[PDB]
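S.K.: Chain by chain, the residues:
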Amino acid sequence: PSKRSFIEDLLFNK
Amino acid sequence: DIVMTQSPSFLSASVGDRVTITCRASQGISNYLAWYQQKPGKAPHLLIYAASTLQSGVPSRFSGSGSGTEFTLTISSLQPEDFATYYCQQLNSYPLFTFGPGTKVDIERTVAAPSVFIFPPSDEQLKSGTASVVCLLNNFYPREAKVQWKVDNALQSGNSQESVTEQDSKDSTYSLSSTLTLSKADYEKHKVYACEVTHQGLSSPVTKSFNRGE
Amino acid sequence: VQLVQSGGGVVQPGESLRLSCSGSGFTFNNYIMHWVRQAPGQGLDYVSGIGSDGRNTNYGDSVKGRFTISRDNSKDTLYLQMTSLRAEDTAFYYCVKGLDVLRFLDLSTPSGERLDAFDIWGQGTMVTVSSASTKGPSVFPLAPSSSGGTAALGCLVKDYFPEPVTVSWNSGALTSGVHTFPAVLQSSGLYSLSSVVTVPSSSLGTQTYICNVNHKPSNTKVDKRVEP
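Residue numbers (the numbering used here), protein chains in the order written: chain L, 14 to 27; chain R, 1143 to 1356; chain P, 143 to 370.
It should be emphasised that the hints constitute simulated quantities derived from the structure, not laboratory data. We treat Cβ as the ideally placed atom computed from N, Cα and C, and that holds for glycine. Worth double-checking, as some hints may not be accurate.
A partial selection of chain R residues facing chain P, derived with a Cβ cut-off under 10 Å [claimed, not checked]:
1) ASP1143
2) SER1168
3) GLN1169
4) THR1240
5) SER1299
One chain only, chain L, in its complex shape:
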C-alpha cells in the first residue's frame, strides 16, 4: 500500500 495509492484515494473521494 504505497503512499501514492492512498493519496489517490484522498483526492478522488475528497
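Chain L is already provided as a structure; the job is to place chains R and P on it using the hints.
M.R.: Just chains R and P now, with coordinates in the frame of chain L:
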C-alpha cells in the same frame, strides 16, 4: 463542477502585437490554473501552470497572472507561430479538471469585403427531387459575416447551413459557403431567391439574386 | 516519449467502442491518466480519469454509468470502454498523461523546472456515432454564370457518409483560388461539402474545369466537369 469562461471568444492581432486573454472561474480556485495552446490538427500543449509559472521550453513572451476568480494570459509580442486557440484549465478539483471555452487568435488584416456569388440548383440535382442554392462569400476580412436567405422576400430560417474556411495563409482572408436546401416542389413554388450579405467592408448589405429558370 | 492511441471509428448508436492509449518513455505506473474529448469546432471536455493503481476513477457527468476507464500497467496501456454510445459522444478523443500525486504541490507551488503532468498527449482518435450507413456522394456542378473579369465556379458534394472526401480541380493542376469548405452534417445524417474556385472570366471558353471527388469509405470516385 467549476465553470470556466474566456473572453473574448475570438481575437485578431498582427505579428508584433500584445495579446491579453482573460479566464474567469465560477468559484475561487486560488492559483490552481493552467493555460494551453492548441493549433488545428494538434493536441493542446501546456504553457503555464499555477497561474503564473512557465512550463519548461515555453518562450518567455508568454506570461500568466491572477489568483482566485480572475486570470490573465499575456503574449508580450505575438509571433507567427502564436496564432492559435488558447484554453485555460482549472485544476482546483484535480483529479477532475475542466477547460474554458477558448480564445482563438487570428492574424489582423485590412478590411476586405466579400465577393458574393449565388449558384442556382443544377439540372442534375433537380431531377433528384431536391434543390440546393449555394451562396459564396469569397476572401473577406474580418470573419464576422451574416448571410440571410430570402425566398420571394420571405426571410428563411432553419433551412440553411454554412461553413467557413480557415484563414488563408497568403492574403489572411476568410471564405464562407452557405447552402439553402429545399424540396423540388417548394423550390418550384417560388420565383426569387436572394442571398443577403452583411459585412463590415460593405457600406450597405449586398444582395445577389436570381429568378428561378433564368 | 509518447502516447499512442488505437481504435475508434464509426459506430451505430447503442453500440460499444473501445479506445486504447499506449505509453512509452515515462513510468506509466506513477501517473493518473485521463481521457479528454473535443467535439467538432468545440472546446475540450473532461471524460474520465484513473488512478495509478487503477482503484480510483472519476467521470464526466455526461458519460457516467456508460463509460468505463481501465489501465493495464503491465502493458503501459490505458483503455476507455464506451457503451450505449449516443450521437452526442461524437468527438475527437485524446488521452493525456496526468499528475503523479506525490507532486500535488506543483499545481499550486511549483518546485521543479517543469510540471510532470499534462506534458504528454495522445495523437487523438475520431469517434463518430451515427445511425447512417456508408453512402457515396452526389457531385453537382456550380456553373459559372454572368465579376471584375473573374468568375466563380465549384462543385457541391452532397449526401455522403462518413467523412472524409477529397476534392481536387483539374487533377491537381488547378490550385489557385480553390476553396474547399468544411463539410456540414445535415438533419438527414449525411455530410455535404462545397468546393469553389475563382477563375478569369476570359478563360471560361478556352479552359475546361473538372472537380475530382474521391470518397474512400464508399470507394466512390467522381469527376464532374463544370461547364459555363
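S.K.: Now tell me, hint by hint, if it's right for this structure.
M.R.: Taking the hints in turn, this is what the structure says about them:
{"no.": "1", "hint": "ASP1143", "in the structure": "holds, 8 Å"}
{"no.": "2", "hint": "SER1168", "in the structure": "violated, 15 Å"}
{"no.": "3", "hint": "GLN1169", "in the structure": "violated, 16 Å"}
{"no.": "4", "hint": "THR1240", "in the structure": "holds, 6 Å"}
{"no.": "5", "hint": "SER1299", "in the structure": "violated, 14 Å"}
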